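Quick heads-up: it's one chain on its own, the form deposited in one PDB entry, in structure tokens.
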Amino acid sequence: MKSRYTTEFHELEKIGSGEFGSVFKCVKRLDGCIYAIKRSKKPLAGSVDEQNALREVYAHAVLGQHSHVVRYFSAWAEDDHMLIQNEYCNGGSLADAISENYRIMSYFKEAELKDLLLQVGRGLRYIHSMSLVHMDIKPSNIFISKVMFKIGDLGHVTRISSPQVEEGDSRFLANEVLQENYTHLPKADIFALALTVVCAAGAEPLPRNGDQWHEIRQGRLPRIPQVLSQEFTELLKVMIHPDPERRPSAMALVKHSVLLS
């Protein structure tokens, strides 16, 4: 026995539990720090599935310098497992923050939503300037650590001019991407961020398909149970515009007047 995982880390609890791969909260014995470690089944080898597993590693390994992307420390292979060791974000995911807000009827306020939008948008600005796109922006892939919001789960990351794409979650998926039209991939991360912010504003759970799904993709915001400024609401709406060329880029988003404050 005696893997690197067992020798180098103390596993504290399971925090994530999945199709491909569990995640643990662990303390590295040598440095004293807590890390989030994903232990996934090691794919067939030379396989399509292995290439997709290695893009996550390659993605994380060039996306290690940003405050709004989860930092990467190491990745390795042993047994029939692949392991990636990442920054532990101690406030958990945005999805659980939203879920708790939903039960108490107290949501993110307009100032907090602007801050979320701006932070994740700086994250995206950086990803996109590396000629990469994320492809699965959603609350369960945004982690909380001033609160700081960090983009994690780089499992769908691809290069921006990619001719093949692994489509992200349905509820956050831009229609041009469903229609296999990959001409403005970055604007699909923009579309998914707007809907991430809508969920944070206290929206009902987004639809996966059917008529409500198509109504959003026509450029119509889900109902938000709180009064937002017209300007803020306009910016969210433009972010889900049917024409992805109309959506702001991430650079135009972070320099937007609405987010100045």
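Rigid core here is just the name for the largest C-alpha set that superposes within 1.5 Å across the two forms. Positions refer to the first chain, counted from 1. Compared with the form deposited in another entry:
Following superposition on the rigid core between the two forms, the residue from 140, 74, 162, 175 with a C-alpha displacement of 2 angstroms or more is 162, and no other.
Positional change of residue 210 between the two forms stays under 2 Å at the C-alpha, relative to the superposed core. In the core-superposed comparison between the two forms, the C-alpha atom of residue 47 has shifted by at least 2 angstroms. Residue 62: CA moves 2 Å or more between the two forms after rigid-core fitting.
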The other form holds:
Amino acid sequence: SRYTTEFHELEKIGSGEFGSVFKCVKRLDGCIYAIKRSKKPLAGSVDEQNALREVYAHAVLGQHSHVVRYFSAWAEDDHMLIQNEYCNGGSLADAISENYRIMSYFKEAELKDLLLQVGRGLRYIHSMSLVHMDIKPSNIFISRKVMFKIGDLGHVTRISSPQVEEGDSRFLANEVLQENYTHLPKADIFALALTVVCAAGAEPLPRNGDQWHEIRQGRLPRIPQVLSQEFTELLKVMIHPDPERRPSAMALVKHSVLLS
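Go ahead and give the structure of the form deposited in another entry, now that the form deposited in one PDB entry is out.
Single chain only below; no partners, no other molecules.
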């Protein structure tokens, strides 16, 4: 077994229908990696194309400071294995939950830093003619003095000829629901805005219904933080009903409210 041979398993750090994720030490180099171990999906299935999307996303992307680095992927024992960078801070979702527990919070500055960093990740992905299509707190990872990195590339697809597996409904732009895939990068932008709103301590986002539609009308969820009207206005245009009115990733990262 390659997994057993090359790595020592330390701790399970995730589980779901996707399988399990393990913090592991690679014996050769002594470095820590996050390894996902999944049952190999049925051929030609939803699970397979999603798994495929991730490998071939990696084939294109290479390496960037705001994308979780991919090292290797292989299959054995009717299981799939994906070896990624280990981010010692967990996901943004984990951080948000912990914030709520010990009633801490991300400062307004920290929200802007989060927005800029993931924005840089998106600009790179978009520059490679790809879109993430599943941006949300649980897919943003934290290293350490803090670095935010985009992970979980299972929904990544091409801007040109996309195979769109829709992401979490809570973060999904209406035009994607409407099967309008002519501006998918702006769907990532929509999702990032709501991701920041979650980090800002907004109540849980709706899966559907009235509240759901209200958001897609360009109405921000309620936010207990005292945020500047300017930063607030930036988050609002990011969820504008017209995706062409939303800023591109590159327009986002060179925005005044964010800089520096």
